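So this first bit is one chain, no partners, the form deposited without the partner chain, shown in structure tokens.
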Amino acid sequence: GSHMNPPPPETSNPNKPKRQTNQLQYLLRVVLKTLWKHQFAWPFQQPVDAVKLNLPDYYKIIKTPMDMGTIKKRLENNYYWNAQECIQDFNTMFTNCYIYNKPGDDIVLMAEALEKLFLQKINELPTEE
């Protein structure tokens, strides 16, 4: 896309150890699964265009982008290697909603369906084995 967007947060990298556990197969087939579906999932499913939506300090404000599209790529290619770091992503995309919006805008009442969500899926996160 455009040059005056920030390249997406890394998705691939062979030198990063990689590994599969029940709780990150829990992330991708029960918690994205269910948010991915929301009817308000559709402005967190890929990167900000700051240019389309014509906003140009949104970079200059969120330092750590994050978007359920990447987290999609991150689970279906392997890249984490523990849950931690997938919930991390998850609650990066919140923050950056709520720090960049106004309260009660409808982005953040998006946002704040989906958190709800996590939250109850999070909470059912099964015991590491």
Given for the second form:
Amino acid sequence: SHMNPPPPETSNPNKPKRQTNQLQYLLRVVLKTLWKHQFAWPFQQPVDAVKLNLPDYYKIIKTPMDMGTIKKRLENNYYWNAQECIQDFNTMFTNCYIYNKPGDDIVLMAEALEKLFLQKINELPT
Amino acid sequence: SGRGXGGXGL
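Which structure goes with the form solved in complex with the partner chain, now that we have seen the form deposited without the partner chain?
What follows is the entire complex, opening with the chain shown before.
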């Protein structure tokens, strides 16, 4: 047998919370634009290794991250700094390139989403 | 490094 790990933590009740213009942009513009993209659906929740029959996924990926987690974290004010959120997006993309062979469909989807992510981050407000 | 996930409609 093999099991899914628990999904990443999405609330830190002991961490101070704030809403900033940049965090609002990350949620309402960056995450929203990627979420609605045609290639987003594999990235909208944690990789379900059981239902996808990938017993090696969490043997290889020890820092999983996904856009559903990022959305919940933003909604919970989990991030104090915009850079913490950006790091989670970066982790999500790099995990995909670690696990999957170059040229696989999922990798081309990640590369397209990453390009859009960088385009959105180019216009991060003050 | 992994088994991979096959086709995704591309």
